[PDB]
Structure formats: structure tokens, C-alpha cells
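One chain follows as C-alpha cells, the form deposited without ligand AMP.
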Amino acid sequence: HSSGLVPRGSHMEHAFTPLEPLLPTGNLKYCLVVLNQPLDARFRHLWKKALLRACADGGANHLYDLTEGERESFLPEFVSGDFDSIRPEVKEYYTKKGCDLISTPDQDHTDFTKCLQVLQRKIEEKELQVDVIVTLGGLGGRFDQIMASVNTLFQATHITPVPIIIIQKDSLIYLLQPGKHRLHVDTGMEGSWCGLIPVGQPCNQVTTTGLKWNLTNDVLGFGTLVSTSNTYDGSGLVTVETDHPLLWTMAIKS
């Protein structure tokens, strides 16, 4: 047996700062995935420091259409998806510029999901160390596609170990796996609202600290209770313990 002072009774929690990638400074290691939605202005800052940048289908069009005059400074490592979704001249441009154009036929999975699978393969091949995968898009447009985006977060647990967030306009979503989470919301990029959405199944035991309306061993479920328009207590930290995957959503300032 060991002797002397020994640590006891600790447990593991998943710490994460959702909006860290939006900060000017820092040394966060992350990849960037551009989906088929109009690009927000923040894509410029995020593009610079990303370790790997990719586009899924039509995302290449949106990237191309917002980078005229400086497209050589915005060349994705790769572009994957259905190639009928990319305009002819756009595909021609990225191809000649050396971008890896990867076809992903599979009619049972979205280009987003297929794009993550390709990204994971590249992360491994290049032995990259990634703290998060930042996805731009997916939360606007066709309602079925917004839902597909959410479902991709559920499938991702089987695609990659790296945390994945999705950001579009003023919103971010991130899927909290069963367990305890420590979310730092003190970057100063945070907006005023947040929420906890029990999308796949009711979360029968949710406990939080840091919210205006906290949950204490409470049930969150559609038709029972869903936390929307929640806000922070000002502590700069939100903790969440959930028994099933629970979708965290939060506002992005401005």
C-alpha cells in the first residue's frame, strides 16, 4: 500500500470552452469544415489558424463566392461530397490549384457525415493532434438538413474522438455525451442565450450549475421540459451532468 498523503475520491469530467476558436489569440488545435450554407464573416479568422480546412459539397461554392481576388489564400486541403453539388468552374478551380477532390456517393449518409469520415482519415494519416473540429453551416436552410446536422453529431461518436461543434450565424450547438461536463463560457464571445435540448431521447437525470434556470436531477424531454431561452448566472462556467446525449446550444455575440 502507498503511505503518506494520497488523493482520493476524484472523478472525471469533460472540460471544454465552446467559443475558444473565435478568440483572436490562443493556441487551439482545430480543423475547419465548411458546409453548404452562406458563410459567416468569422470564417476568415477561423480559416487562418485551422490545422486542416475542408469543404463538404456545396460548401466549396460558398467559399469560392466569398473569396474573389484572394482565392489562393483560401484553398481547402480537400473538398468531398457529391460533385454535382459543386459548380463546374469552382471544382475546376480547386482541382487545378491542387486541392484533393474526393467523391462520396453513399446515398444513405449526408455529405457532412461523409466529410467527417474523410477528415478523420486525414487526421490519422498526418498524425494530427486536434482539440476540436469546427463546422461552419448546417443550422439554417431546409429543416430536414438542420436535423441531419444534429444527427451527424450523434454519429460522430463513432467516427472520431475529437469534439465537434457546429456554428452558423449567431448559434452554436454541441452534443454532450453521457457524463459530467464543465463548459467554460467566459471567452467574452458568448451571447445572452443558451439551452439544453434532449433531441434523441428524454434525459431523465440532468443537473446543472451556472444557468439562470438550473436543473437538479430533472427530466428534460420533448413535451415534458426543454430548456430554451436559458441564460447564464454570470459565473463564467456551466456544468452539466446528463444520463443521455444532450444537445447544448448557445448564442454567439453580435
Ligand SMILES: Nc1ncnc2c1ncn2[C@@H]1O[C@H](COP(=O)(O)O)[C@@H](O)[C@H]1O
Given for the second form:
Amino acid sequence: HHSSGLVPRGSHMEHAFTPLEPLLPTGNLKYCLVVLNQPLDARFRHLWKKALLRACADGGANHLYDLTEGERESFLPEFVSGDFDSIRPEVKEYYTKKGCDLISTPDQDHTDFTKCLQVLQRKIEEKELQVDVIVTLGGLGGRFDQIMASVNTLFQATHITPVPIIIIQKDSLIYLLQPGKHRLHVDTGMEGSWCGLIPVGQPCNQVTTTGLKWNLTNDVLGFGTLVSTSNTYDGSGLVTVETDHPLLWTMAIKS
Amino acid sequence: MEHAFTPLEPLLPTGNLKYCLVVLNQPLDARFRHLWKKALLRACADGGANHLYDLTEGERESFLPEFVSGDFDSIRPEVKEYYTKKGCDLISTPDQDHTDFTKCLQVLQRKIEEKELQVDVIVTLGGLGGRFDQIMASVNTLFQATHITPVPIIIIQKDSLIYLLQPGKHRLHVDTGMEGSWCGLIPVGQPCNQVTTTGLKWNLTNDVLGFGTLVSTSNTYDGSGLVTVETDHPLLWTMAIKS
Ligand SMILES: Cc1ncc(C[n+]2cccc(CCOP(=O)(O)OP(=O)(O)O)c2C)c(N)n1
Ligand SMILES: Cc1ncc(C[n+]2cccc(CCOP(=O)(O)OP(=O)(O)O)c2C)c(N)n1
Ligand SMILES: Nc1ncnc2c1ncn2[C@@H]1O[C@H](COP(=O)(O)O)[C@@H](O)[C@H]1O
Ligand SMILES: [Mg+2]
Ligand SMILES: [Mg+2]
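Please give the corresponding structure for the form deposited with ligand AMP bound, as opposed to the form deposited without ligand AMP shown earlier.
So here's everything in the complex, that chain up top.
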């Protein structure tokens, strides 16, 4: 203001995110990996390799243990948290003898996924390291109530860690967009054909987007009113979203 | 004043329950056969026909839909042919603002009034797995369904069932013996600020259910065989189906 010479004016911060980047072979993101109790998709090995930290939520360990025979010492979690109402005795044993940190989380008011994030967040600050994103595998298939629980974890996550969290399983990815403006880069080449915007918690009364086939212009998104599913990209390679309330972004993963 | 309902009833080998069956584009669970046999009317939404067709090979004439609606961008030509040849009514629904599931219910409701048929419930198979944006669409269809037909609609796939509870009081009978161990109340859409329940391990007493505040998942039954729910806004009921 009071300075002289050219001076940038106008400007509002925007959240610039690239969803499926962790799925890119090369690149150097810096992310943590969380394995939930669900069948592991083949992309897990590559994701594990470059992850800064890996962990498993209860049953998640069973799935990891069973899909890494002959090379399990190459897939040793930094820690396995949960309540152990899912991990098999022998699996709990193996990881404990190899040095894995087994953390018990009894709380019956919260899922192991949520509790696992709490442990992860703590290990993050406690190890003075920071991540650009937390990649969660599984949680979108199987039991319906659990799928919803996963979505609800993304809500609580805002109070657990400042690091963005994405959930991936089979051909889907979800990411909760907090109120404000977002710039999502969907030009990694790993993108599928569909995408969508789900009002999960409450109606989003003012949504505006760009880069979609069916864009919103200060529109209302709400169950029973209008939910964007089976939407697609305009080809620009960029999607911007502005929402007044938490809005769930979902997109397809190639192949 | 209230609606007495029994969710997993169609799954019972016994009964006179009059219901219609809708097959969505997802792999059919084994329960399919029995459900089809006693259905008053069967239909398929686009791709649903492919899964029906590939499942009933060798005996497709015993499993002929009464109509297949959609937009035919999933139904394989050979499949589309077969059913047209056997007399199945193929109805096109191009509307790209509505899923083939919602549009299928529209066709169904029409057929119901049209045939002066009386149905207790509409059983939908599939729609809870696969593409995430798909599962949500299914949930969204249940919201729109309230303006498409007065007949209760349930969706089932694998081990899950969902049913949208409209504002008011509900009495759910969960003593068919087909019930699984878990159940839940999901406030999709909007926060339900006044929820009161009975028959659950974790009941609610004029409590608030909303994402980020409190969502009831992994809940269970108290063994009474009855669950009652009073809600101020649409509340999604979900429950497990035995092994
Ligand atoms: C209100 C209410 N509701 C319900 C409940 C229950 N819950 C919740 C959350 C969480 C939990 C735990 C579990 O998780 P897991 O680990 O996953 O197990 P599963 O069954 O799922 O397998 C619970 C119990 C409460 N609390 N509240
Ligand atoms: C806003 C908005 N967003 C999105 C869109 C799109 N959409 C929606 C709904 C529905 C549809 C159709 C789809 O269904 P399907 O056919 O079943 O799927 P696929 O896979 O077959 O393709 C759409 C497109 C709008 N419109 N708006
Ligand atoms: N059927 C399922 N569908 C989706 N996520 C699941 C399912 N079962 C378990 N999970 C997730 O995996 C985490 C730990 O698994 P578990 O303790 O074995 O139930 C939970 O906190 C959930 O977030
Ligand atoms: Mg557990
Ligand atoms: Mg279609």
C-alpha cells in the first residue's frame, strides 16, 4: 500500500493439489502410506517403495502379510496400530519380532483408521518430518457402513493433521475439499474417465467449478437436489472448485 | 403415525411378500436366484442386463426381464438382441442428468400403476460397490425416489443393505434371522439434529447425527429384535446381511 513502485494487488490464496501424483512412477512427492483392512491393489508395491512412512490399521496388516510372501522383510511397516480384532495371531507375531511397532487403540468410539491417523500424525511431528500428503489404501469397498466411516474420517482428519489425506481403492479416489478455493491438477496421465462432487455432510449452497463437462456456477449441491456423479473433464488438465462447505471430490484412476 | 418395516424380509425363503426386483450394473450375489423367483416384476438398468445374461447362460429363458431400461451404452449388442428377441421390453432413457437407476425406477413406477399392481417394496441389487461416485449416486437415487414412487426401496449388495428413513418415526423389525452383526445410521445429505433410537447398542436420545460430529457406524443390536428410529431429516439406515 504505502510503498511506491509496482506492487501486487488483489490476490487470494488457493489450494493447489495434484491427486493422483503419488501414482506416478518417477517424481519426488514425500508422502506417508496407510494400509486399511481391504484387498491390496497391485499399485501398492510402487507406493510402498517411495513412501516416507508406512503403517497398517488392524486388519490391514493381514492383507499386507498375505500379499508379500518371500519378500516380507522388504515390506515391514514402521508401525501397526488398531485394536487387533482383526490381525491374526501369527501376523501380529511376525511384525512384532521384526521390530514393527504394535500400538493398541481400544477406543470403541473411533475406527482404527481414524486412530491410526492420530498415531501417524504424532509420529510425524515427533520425527520432525513433513509430508505433502497421506495416501490411504482401501476403505472404499466392502461393508457400506465402513465406507461411510472412511468418509467421516476425512472430516475428523482436519482436526488430526494439517497434511492432506486421499483414499484410494480399486479404481476410485476420494479427497475432501474444505471450504474455499481449490486448484486440482488432473494431468498426470493416471486419471480415469469419471469424476464427481458429493455433498456429503451437508448441502453446499455455493459451488463454482471449471474444467468439468458439467460445471457449476454458484449452484447448490445436495442429496435429493443435485449431486455430481459420472462427470468428466473438459480436457484442460485442470479443475478448480470453490465451495462454501466441505465437498467430497471423487475421481477415476486409469485402468 | 409410524411405518412398521422389516428390511431383510425378501431374503427369507418363506413369505408372501409382494416385491419388484431391480438389477443394477454390478456382479450378482448368489441370493439373486431366490429373489428373482418370487419377484412380482423384474427389470434391469443398462449394464444390469449384461450381468444377468452372463450369469444365466444356458437357462436365460427362465430369467427373462419384464423390461430393460437404460441407455444402452453398457448393454452389449448381443445381450440387447437376445432380450429383444425373447420379448423383453427395451426402454431407452437418454437423460444425461439422471442415472439409469433413477430412470429405471421411473419406468418401474409407471409399469406398477399401469398394471394396477400393489407392491410392498422394491428390492434393488447392486449399486453399493465399484466406482465411488456410483455408490453415492445410488444413495442420491433413494432421495429422489420419494418423488418417484410411494413404495419403499432397499438396495443390497454383498453383505450390505441401505434404506432411507424419511422424517418421522420408524419401527424396523430385525428378527428375520438374516441379519448380520453390524448396522448404522448415516446422516448423508444434511445433519439430523434430533435422532432418537431403540434396540441398538449405542442408542441416540434426541442427539445430533452429522458428518464431522457424529456418524453411527459399526453399531449393533441389543437383542430385542426391534429397532425404532425418530429423525427430523432423511436418515440413511444401513445393516449387515448374514454370511
Ligand atoms: C453412537 C455410536 N455409534 C456406533 C458406535 C460404534 N463404533 C463407532 C466407531 C468405531 C468403532 C470401533 C470399530 O472400528 P473397527 O476397528 O473397524 O471394528 P469393526 O466392527 O468396524 O471391524 C465402533 C464400535 C459408537 N461407539 N457410538
Ligand atoms: C452437475 C452434473 N454433474 C454430472 C452430470 C453427469 N451425470 C449425472 C447423473 C447421471 C449421468 C448419467 C450416468 O448414468 P450411467 O449411464 O448409469 O453411468 P454410465 O457409466 O453408464 O455412463 C450423468 C452423465 C450432470 N448431468 N450434472
Ligand atoms: N469392509 C470395509 N470397507 C472399507 N473399509 C474397511 C472395511 N473393513 C475395515 N475397513 C477399514 O480398515 C480399518 C481397520 O480395519 P478392521 O479393524 O479390520 O475393521 C477400519 O478403521 C476401516 O476404516
Ligand atoms: Mg478393528
Ligand atoms: Mg448407461
